[PDB]
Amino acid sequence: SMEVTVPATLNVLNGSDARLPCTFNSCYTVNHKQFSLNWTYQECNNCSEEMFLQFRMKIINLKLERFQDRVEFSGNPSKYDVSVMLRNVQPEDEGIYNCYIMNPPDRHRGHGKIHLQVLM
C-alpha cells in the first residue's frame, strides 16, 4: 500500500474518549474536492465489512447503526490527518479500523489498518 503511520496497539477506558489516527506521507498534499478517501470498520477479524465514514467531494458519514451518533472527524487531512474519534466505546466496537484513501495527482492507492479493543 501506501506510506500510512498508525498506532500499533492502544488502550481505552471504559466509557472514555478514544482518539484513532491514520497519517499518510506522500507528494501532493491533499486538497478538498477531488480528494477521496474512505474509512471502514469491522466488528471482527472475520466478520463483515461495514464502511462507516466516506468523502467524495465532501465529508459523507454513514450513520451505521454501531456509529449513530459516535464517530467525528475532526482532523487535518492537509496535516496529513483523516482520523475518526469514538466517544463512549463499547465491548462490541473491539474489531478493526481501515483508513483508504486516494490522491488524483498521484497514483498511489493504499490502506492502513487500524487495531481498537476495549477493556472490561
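Positions refer to the first chain, counted from 1. Basically, rigid core = biggest C-alpha set you can superpose within 1.5 Å across the two forms. What changes on going to the form deposited in another entry:
- For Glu43, a C-alpha deviation of 2 angstroms or more is recorded between these two forms after rigid-core alignment.
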Given for the second form:
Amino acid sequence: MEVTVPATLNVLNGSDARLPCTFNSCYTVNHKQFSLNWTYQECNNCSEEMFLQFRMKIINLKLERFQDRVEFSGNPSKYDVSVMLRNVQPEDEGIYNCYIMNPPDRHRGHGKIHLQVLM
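What's the form deposited in another entry like, now that we've got the form deposited in one PDB entry?
Chain only, nothing else included.
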C-alpha cells in the first residue's frame, strides 16, 4: 500500500499539529473491516505506544502522555486517516506511525512521521 506521510514535521510549541496520513487503495474502505493504528515511539528502537485505533469506530485510548490533546482529523471513507495534536508540547517530540489495513487488500500500509517541536 502507498502511504503518504511527511517524513519530518516541524510544529511550533503550543500550536496545533495535523499529522497527514493518506493511503491509495484500490478497494472501497469498509468500515466494518477497516483497521487503523496510530503508534508513538520516542526512537526507532524504542517502544511503540497505542493511542488511537480504528476497529469499528474511532477509538482514542487517551494516553496520559498526551492528556486529551489527540483527535482524529481524517476520513476513512475518503482515504484520510490523519490525526490532530492540539497544543503540541515539547514532550510530544518523537516518531508517529500510521498502520493501515483495508481488506481485501493483502498488503499492510505503514507511514512514519518524525515530529520535531521548536521553541
